[PDB]
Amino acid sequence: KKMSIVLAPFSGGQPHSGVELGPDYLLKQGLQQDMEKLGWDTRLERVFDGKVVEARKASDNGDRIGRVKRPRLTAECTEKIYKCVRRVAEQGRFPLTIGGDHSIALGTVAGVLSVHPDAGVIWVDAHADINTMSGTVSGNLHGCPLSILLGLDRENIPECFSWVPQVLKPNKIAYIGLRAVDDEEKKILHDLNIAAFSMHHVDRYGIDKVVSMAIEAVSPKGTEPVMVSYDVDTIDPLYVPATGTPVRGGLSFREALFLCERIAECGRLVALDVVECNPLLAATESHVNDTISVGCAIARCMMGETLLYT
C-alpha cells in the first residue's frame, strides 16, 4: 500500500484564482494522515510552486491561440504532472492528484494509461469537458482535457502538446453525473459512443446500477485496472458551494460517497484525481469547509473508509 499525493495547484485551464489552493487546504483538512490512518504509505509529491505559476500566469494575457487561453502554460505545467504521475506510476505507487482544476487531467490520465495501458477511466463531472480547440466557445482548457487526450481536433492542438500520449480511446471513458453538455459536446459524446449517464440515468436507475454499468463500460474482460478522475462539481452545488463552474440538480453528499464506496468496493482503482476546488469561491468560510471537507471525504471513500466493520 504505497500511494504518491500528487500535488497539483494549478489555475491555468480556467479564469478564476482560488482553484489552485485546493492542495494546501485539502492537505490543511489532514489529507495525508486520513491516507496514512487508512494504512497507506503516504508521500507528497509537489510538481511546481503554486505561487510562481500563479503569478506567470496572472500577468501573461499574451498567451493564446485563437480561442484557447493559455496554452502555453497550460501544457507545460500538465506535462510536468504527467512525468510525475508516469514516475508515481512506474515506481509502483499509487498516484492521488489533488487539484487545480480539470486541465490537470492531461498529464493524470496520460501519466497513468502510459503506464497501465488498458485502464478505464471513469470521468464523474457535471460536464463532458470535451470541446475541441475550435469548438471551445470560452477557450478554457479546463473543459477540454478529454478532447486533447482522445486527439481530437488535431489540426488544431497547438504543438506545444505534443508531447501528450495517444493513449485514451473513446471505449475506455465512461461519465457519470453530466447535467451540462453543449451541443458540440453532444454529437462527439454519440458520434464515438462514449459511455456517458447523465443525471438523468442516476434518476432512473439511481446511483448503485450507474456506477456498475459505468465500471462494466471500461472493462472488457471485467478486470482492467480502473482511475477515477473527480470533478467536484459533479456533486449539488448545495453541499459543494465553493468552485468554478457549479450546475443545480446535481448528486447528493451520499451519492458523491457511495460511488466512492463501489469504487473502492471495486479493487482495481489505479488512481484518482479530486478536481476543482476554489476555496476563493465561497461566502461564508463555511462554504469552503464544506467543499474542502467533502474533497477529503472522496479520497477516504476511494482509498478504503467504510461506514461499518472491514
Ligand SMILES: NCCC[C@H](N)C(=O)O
Contents of the next structure:
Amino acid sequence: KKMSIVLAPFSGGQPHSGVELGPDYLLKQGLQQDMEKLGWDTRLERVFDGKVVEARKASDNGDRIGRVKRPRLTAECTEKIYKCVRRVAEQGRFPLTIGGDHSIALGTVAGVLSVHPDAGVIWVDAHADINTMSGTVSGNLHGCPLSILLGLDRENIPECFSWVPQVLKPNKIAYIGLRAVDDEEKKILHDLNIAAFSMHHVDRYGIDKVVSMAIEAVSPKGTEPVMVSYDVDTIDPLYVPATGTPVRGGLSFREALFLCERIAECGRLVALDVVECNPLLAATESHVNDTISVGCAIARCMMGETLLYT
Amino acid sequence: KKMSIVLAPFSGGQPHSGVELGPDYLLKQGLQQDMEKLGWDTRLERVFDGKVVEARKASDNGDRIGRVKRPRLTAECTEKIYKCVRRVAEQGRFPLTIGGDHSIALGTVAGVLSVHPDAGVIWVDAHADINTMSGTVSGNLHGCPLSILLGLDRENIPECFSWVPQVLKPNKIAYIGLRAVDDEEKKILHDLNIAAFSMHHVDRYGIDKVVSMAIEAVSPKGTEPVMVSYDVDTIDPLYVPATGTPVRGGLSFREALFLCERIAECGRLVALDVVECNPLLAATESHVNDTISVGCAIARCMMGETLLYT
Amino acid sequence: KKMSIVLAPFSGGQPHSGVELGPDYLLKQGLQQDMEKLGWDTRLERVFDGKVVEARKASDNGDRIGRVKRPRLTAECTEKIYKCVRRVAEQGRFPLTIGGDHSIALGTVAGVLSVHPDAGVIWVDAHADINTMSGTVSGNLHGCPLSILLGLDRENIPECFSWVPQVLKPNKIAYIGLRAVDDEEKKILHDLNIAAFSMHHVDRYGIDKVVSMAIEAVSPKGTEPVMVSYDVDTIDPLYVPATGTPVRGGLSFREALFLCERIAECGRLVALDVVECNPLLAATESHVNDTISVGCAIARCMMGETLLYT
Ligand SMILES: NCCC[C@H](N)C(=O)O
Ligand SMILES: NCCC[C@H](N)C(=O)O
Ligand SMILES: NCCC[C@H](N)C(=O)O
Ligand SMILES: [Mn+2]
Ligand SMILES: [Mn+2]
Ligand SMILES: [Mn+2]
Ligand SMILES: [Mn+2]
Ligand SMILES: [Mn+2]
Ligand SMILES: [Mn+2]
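Target state, the form solved in complex with this ligand; input state, the form solved without this ligand:
All chains and molecules follow, beginning with the one already shown.
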C-alpha cells in the first residue's frame, strides 16, 4: 500500500493567481498525515516549483495559438506530470495528484492509462472540460483537457502537445455533476455518446444510483481499474466558497463526500486527482478552510475513511 | 411555436410595493431573448401599467368587503388578464404570464381553461391559495385565487367577480411544495379531495416521483394539456431571498429547476405563470439577482432549456 | 392524552454555560401552548433549578474521576430526572424532556424503560454518546450516556451511578444521523452490533428508508413502544446555528422534521427528549430563534403536527 502524492501547482488553464497554492495548502491541512493514518506509505513528489512557474506565467503573455492561451507553458508542465505520474504508477504506487487547475488531468490521465490501459475515468465536475482547440471560446486550457486526451480536433492541436499518448477512449470516460456545459461540448458528448450524468440525473435518481451508473459505464466487466479526477467546483458554492467556476445547482457537501465513499467502497480506485482549489479567491475564513478542508476530506474519503467501523 | 409574454404588474393580494416590478425586472434579465433563443417567436403583451395601478393601489384604501381587501381593484385587473390570456390562447400562442402576486392566477387559469377545458393545473407553491372570502383571515386576495376559480363560498363572492368563468374542477388542480396551509385550507383540500403534495411528500418520495404523481393527478388520460402556476416562494428562502412569504423547508433551487425540466420533458405544457417576484424586498445583491434570476431560469427550464444536448 | 413536560436545565456533560437555558427558552416559544393545541393535557415538571445547579457547576471544579468530569453533580441530577420521568410514565403521562445536554438521557431512558421494558430507543444524533468512563478522551459525560445505560465498562463506573437501572439492551437502541463517532465508539457499535445509521445511510438511502429501518431495528415485533432522544446537533449547523457540536454533513431541517412526522405517523412514540439547545452560543438573531424554534418544531411534529389535514 504505497502512495505518491503528486504536487502540481499549475495555474495555466486558470487566469492569474490562486490555484497554484492548493498543493501546499492541502499538505498543511495534514493531507499526508491523514493518508499515513489511513495506512498509506506516502511519499511526496514535487513535479515543479509553483513559484517559478507562476512567475513565467505572468511575464510570458505571448504564449498563444488562436484564442488558446499558454499552449507552450501548459504543454511543458503537463508533460512533466505525465512522466511523473507514469513512473509512480509503474513503480506500483498510487498517484494522488493535487492541483492546480484541471488542465493537469492531461498529464494524470495519460500517465495512469499508459500503465493501466483498461482503466475507466470518472470525471466529477460541473464542466465537461472537453472544448477543442478551435472550439474553445475562452481559450483557457483547463476547459480543453478531454478534447486533447480523446484526440478531438487533431488538425488544430499544437506541436507542444505531441507528447500526449492516445490512451483514452470515449466509452472509458463518465461524467458526474455536470451543469455548465458549452453548446459545443453538448454536441460532442452526444456525438461520441459519452456517459454524462448532469445535475438532472442526480436530482432525478439520487447520487448513489448515479455513481453506480458512472462506475458501470466505464467498466464493461465489473473488474476494470478506476480513476477519478475530482474538480472541487462540482460541489455547490455554498460548500465550495473558495474556488472559481460554480453555478446554480451543485452537489451538496454530503453528496460530494458520499460519492467518494461509494468509490472507496468499490475497491478498484487506481488514481485520484483533486483540482481547482483556490484558497485565495474567497476573502473569508470559512472559505479558505474549505476548498482545502474539502480537498482533504475528499482525499480521506476516497482513500477509505468511513463514518463507522471499517 | 408562438409565445406571448403577458406582463401583469399587479400587487393587490400583496400589501404595498415590490411585486409589480417583477415583469420589468424579468425582461431586463433578457427573459424575451432567452425565449427567442429557445426557439420561441415571442411577443410581449402589456395588460396594464404597473405604475398607475400601483398608484391607485396606495391611494384607494377603501376597497374592501369583510376582511377582504382590494376586491374592486383586484376584480378589475384580473379580468383584463383573463381577457388577454384568453385571446393569446385562442390565437394559438403560449401564455407566459409574469407577475405580480399570485392573485393574477385568477385571470390566467380562467383564460387558459376557457380555451383548453380539459387542461390540468399544477400549482407549485408553499401555500394553497384557496382561502374563501369569508374564510380568509388576512383578506389578502393572493391567498384566495383558487377558492374563486373553484366557486367555493359563492354566496360571499363579490359582484366584481361575476366575470370569472367556472372552468376549474377540483380533480384538475394538483399542488406541489405545500408547507404553509391554513387550517381552513387543510379541511378544504381534504373535503374536495384535491391532490396536494406538500414538502412531506417531497421529503418522503423525492421530487421526481412527486412531479410524476402531480402530472398523473390532473391527467386522467396521459394526454391532457397542462398548465403550471409557479410561485417562486415555493423555493426555500435560502434560494429565494427576494420574495415575501416563505417558511421552514422549501424546495431547493435544484428541485425547483428539476421540476421544470420534468414538465418541459412531458411535452404538454400549455401555459405558465411565474409569480411572487419581489426584487425590492431583500436589501442585498444576491437577493435581487435571484427572484428574477430564478424566474428566468424557471422560464428557460420550463420552456425546454436542458443541461445536456437536446 | 396526558403529557408532562420535564424541565432539565443541566449543563454537566457540557463545558460552561448556555445549554441550561433551553427549557425556559422553549417554553417561551409557546411549547406548552403548542402541545395543548395538539390536544395534549400538558403539565410542567421542574426537576430542579438550573440557576442553582449552574452555580455549583462553576464553583465545584473538583468533581472528577479519571478524565471524567462532574461525576457527582451529573449522578445527582440525572437520578432526579430518572425518578421524575419514571413517575410521569407510571402515572400514564407522556414524558417530554427538555434539556440540557445529552447527559440527561441517562435519567430519561432509564425512567421510560423502567415502566416500558420492551421499548425501543431511537437516538437521533451526530454522535454515538457511548464513550466509556475509561475510554472517554474529553471526560464530558454528555458523550458517555449510552455506555452507562448499557453497562459497559462496569468496573470503572462510579458509585454515584449505582442508581442506574440496567434496562437498556444493545438491540433496543438504533442511531440516526451519525457522523462524529470516536474510534473507540466505532468498535463498540460494531462489537455490540448496534443498529447505527450514519449520514452515509441517509445519503445512500434517503431519510424515509432510514427511519423505517431504525424503527424496525428496535421493534422485533411491529408493536413495541418507541422512545426518541433527539439531539438538535444532528441537524446540519446551517439549520442549527445555535448549538455546540456539529460537523460536515448533517440532516437538513426538512429531514430533521420529516423524521419526526414519520415517527408521529408510526403511532407508538412513548417518550421524547430534545437536547443540546444552546441559545447563547450563536451571537445572531436567526441563531437563537433556531435551536429553540427547531426544538418546538421537533416537538410539534413529533407530537402529530402535520402539513396537511389530520
Ligand atoms: N474548466 C472550466 C471550463 C470552463 C469553460 N467551459 C471554458 O472552456 O473555459
Ligand atoms: N398567497 C399566500 C397566502 C398566505 C395566506 N394563506 C393568506 O391567506 O394570506
Ligand atoms: N455528546 C457529544 C459527544 C462528543 C465526544 N464524543 C465526547 O466524548 O466528548
Ligand atoms: Mn474541471
Ligand atoms: Mn470545472
Ligand atoms: Mn401563491
Ligand atoms: Mn405562495
Ligand atoms: Mn448527543
Ligand atoms: Mn450530539
